[PDB]
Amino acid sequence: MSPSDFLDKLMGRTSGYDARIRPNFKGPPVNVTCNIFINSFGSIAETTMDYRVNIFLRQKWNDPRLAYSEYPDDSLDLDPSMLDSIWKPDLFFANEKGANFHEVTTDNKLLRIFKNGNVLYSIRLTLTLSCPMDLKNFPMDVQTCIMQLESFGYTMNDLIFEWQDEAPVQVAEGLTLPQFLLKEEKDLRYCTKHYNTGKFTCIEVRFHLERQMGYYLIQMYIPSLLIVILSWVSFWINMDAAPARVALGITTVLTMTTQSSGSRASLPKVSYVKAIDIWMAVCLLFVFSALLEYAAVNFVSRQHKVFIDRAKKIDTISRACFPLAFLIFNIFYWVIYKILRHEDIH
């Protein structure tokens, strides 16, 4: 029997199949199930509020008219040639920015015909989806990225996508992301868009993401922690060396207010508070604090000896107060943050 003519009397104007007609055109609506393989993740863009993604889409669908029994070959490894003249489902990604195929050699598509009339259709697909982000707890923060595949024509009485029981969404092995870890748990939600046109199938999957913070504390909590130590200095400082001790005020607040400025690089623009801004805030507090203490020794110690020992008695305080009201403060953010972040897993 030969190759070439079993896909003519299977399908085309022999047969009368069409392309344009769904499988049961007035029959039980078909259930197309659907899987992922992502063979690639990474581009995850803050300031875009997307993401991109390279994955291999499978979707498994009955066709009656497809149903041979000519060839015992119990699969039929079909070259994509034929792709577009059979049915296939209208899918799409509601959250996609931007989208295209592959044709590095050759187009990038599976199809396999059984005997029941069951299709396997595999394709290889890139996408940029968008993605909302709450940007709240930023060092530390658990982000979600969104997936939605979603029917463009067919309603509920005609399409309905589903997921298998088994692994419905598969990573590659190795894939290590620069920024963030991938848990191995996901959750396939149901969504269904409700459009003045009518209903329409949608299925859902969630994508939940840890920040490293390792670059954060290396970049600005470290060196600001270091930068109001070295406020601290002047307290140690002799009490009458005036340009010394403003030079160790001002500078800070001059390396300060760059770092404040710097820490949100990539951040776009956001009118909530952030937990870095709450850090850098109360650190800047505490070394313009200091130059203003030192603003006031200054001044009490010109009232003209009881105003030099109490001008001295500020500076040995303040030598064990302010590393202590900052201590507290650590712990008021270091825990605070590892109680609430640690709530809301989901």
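Numbering follows the first chain given and starts at 1. Compared with the form deposited in another entry:
- Remark: the rigid segments turn against one another between the two forms, and the hinge among 211, 239, 128, 149 is at 211.
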Contents of the next structure:
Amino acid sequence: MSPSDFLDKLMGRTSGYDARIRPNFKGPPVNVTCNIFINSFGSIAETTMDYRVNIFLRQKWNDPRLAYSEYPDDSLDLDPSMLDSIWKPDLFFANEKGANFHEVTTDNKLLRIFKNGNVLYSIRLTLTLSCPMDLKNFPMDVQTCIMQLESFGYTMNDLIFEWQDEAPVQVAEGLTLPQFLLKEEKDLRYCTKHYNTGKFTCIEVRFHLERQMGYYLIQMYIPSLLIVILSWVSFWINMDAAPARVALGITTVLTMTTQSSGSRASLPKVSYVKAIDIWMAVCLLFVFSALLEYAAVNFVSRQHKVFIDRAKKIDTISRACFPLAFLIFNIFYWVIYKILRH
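Having seen the form deposited in one PDB entry, please provide the structure of the form deposited in another entry.
For this one, just the chain is written down, with no partner chains and no other molecules.
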């Protein structure tokens, strides 16, 4: 017998199957088991606070009205064009901003019915899910991206969503990200919603992303430290070398400003302060104070042996004072961003 003809007998008007009535309409709720396979992951943007995924979604549930025993085959396949003749759960993604299905060649959907009445429903789709980001410690920050699966109009006494026991969420190997690193550990939660109407089923997954630091370390932190160090060689130059010392100080200030201005074009645009901003401001303050040191030294010396000793004392003190304060600032800055980060 034709499988299509058998499916017609199973789900036609003579059978009386109603696609708008859920299975077990009188008694216990329907239990749906879900799996997610992630094919691609990326397009993480802070201007819109969202990311893009391409996933495989599989749902399994039992429909006692679809049980059959006459047909020898143990499974039956349904045409994607007739999927509206069967009951399906009204799943939707809560934090979703855009989605679509895939139609290249044939429609990317599959539905299978077994002898006992179990239904397997696997579909492929692309999502744009929103995720808030903090960026308060931007060079050293960890972000969490979630994905919520919810029912639209069924309460907990009608529909229940559960994760699989073996492997709910899997990620294809070889995926890379230009800016982040996706950790292998994932969390499965129960974010049940409580409204006036009642409780609504909802399951959640969490992804942890860590940002790499090599480019920032080699392109922003090291040159700033080198410029700050170069600003210290003024204290080792003779005090009667004003056209050299003043020029060196002002050119170090200019170099610091050009470095900071160049670094701004390749950073996220936010209105609040970040750790790299704090570092940049402190380096600018250091190279700014280095010039006032020599300004104070030149005035005291010109004032008319005691005067020329006091001017030299300031240089000898500064030679050891400036690196010590810089080191104290460095250790304070690094411990609170590499330890106080959980």
